[PDB]
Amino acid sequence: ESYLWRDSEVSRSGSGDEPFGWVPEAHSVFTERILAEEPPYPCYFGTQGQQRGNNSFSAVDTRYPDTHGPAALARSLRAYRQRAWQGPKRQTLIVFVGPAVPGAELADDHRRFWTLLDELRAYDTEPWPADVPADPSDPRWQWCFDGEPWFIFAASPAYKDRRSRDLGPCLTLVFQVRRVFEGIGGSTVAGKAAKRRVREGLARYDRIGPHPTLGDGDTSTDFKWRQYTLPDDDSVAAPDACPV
């Protein structure tokens, strides 16, 4: 009944022509990308999380929205949130949305991303957190679910220049609770070092530099919604235009 998988469990998601039958290969492509030796994947935190067994997985099968869709993903997210606090601080949930769509454009995958986040909100059993503004135009808005804010971003095969966000053939959602950044806040010595190290990785991996909405690298960032769906170029969305 649970669609929350550790690495060793992903193979039980599905086999052959059945729901999630495409998930084990998507899992393998993802791990190949994040564990690659040369050039290394730019986010060493993601690589370390994979190497240490701290990445969990789920999926959405768009052919079966009533049974393998947002209602099931809300259950998986609640289970993951418990895991994220019981285990180590730097855990990530990676959610593959498939089957893969040949030739999809990036704008289409971003639309599907925001639609899925909206559908998930309908299955939340907890009120919105009192410490996070509910207005998506507020500089400090963040997406919330099950009582706390998350960082959540979209990966897609349609990222051609921002190769770091091409994690395989499927739209992929990367969820983290905010304890993952504890100790690397933007004003901290370790936080500035973290951004330096990742951005140097991007300069050895991607065809385009760090996106401006990630900030200059010496402070924390507002309007985090724009980071969820980075464009493949240097365009900058209007701050009050979050699609939620």
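Numbering follows the first chain given and starts at 1. Shifts are known only where both forms have a C-alpha. Superpose the two forms; the largest set of C-alphas matching within 1.5 Å is the rigid core. Compared with the form deposited in another entry:
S15 is among the residues whose C-alpha shifts by 2 Å or more between the two forms once the rigid core is aligned. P40 is not among the residues whose C-alpha shifts by 2 Å or more between the two forms once the rigid core is aligned; its shift stays under 2 Å.
Taking 2 Å as the criterion, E200 does not count as shifted between the two forms: its C-alpha moves by less than this amount when the rigid core is aligned. Moving regions between the two forms, defined as 3+ consecutive residues each with a CA shift of at least 2 Å after core superposition, lie at 12-17, 215-220.
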Second form
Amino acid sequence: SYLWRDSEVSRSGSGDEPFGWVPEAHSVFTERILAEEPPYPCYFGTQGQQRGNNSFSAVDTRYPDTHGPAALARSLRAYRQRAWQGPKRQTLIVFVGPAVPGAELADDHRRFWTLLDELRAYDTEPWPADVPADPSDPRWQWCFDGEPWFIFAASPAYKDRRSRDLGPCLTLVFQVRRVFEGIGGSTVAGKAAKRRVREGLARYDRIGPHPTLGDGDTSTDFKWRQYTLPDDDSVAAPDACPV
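Since the one above is the form deposited in one PDB entry, can you give the form deposited in another entry too?
Coming up is the bare chain, nothing alongside it.
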């Protein structure tokens, strides 16, 4: 395991034990995404939360042999199975802790890429034949358990891009392709989804949508850039993926 529904996340926690800080990270996350004024910009995530469609896990950096990447690989395999049954719009939120006071965005980003690397070692499935393995390829995406994931990193060090601050921990948000059924970027519903989320971003964030966010007319190349947005509108070089 370590794959939890909301009800299964423990009620309170003892900071010194493995995952003893998770109750607090979970409360702050749920407070952020359910906040009513201004609303959390992604109404899909809010609704996911309200319907009980979000799952959770964690990594405890102090207990790597038992509550680390290997256990997360097992939890992701279980999540992948859950995500292809029942409702289409599910998300997995993974808290990485304990929180490190003072951490900068660069540091959180470094930790994010290290974890993705480490998870690779615990994959039981080969890299998908239809996604290139070179991360400098325009079509590269992170893959695990035989398919590509949609993934991004949230951090308290986001000051203007407040939408990506989900509480005190480095937080990973994972989804399978299924969540986008009917809302592909090129469709009328997909465009409506973009308009609606971006209106929410305008009122919640102090900086506008990042330039690497697609208009949805073409497949977006160098998706890696979207996993770890900067807090400004700088655009990284397509070929500088850190994995």
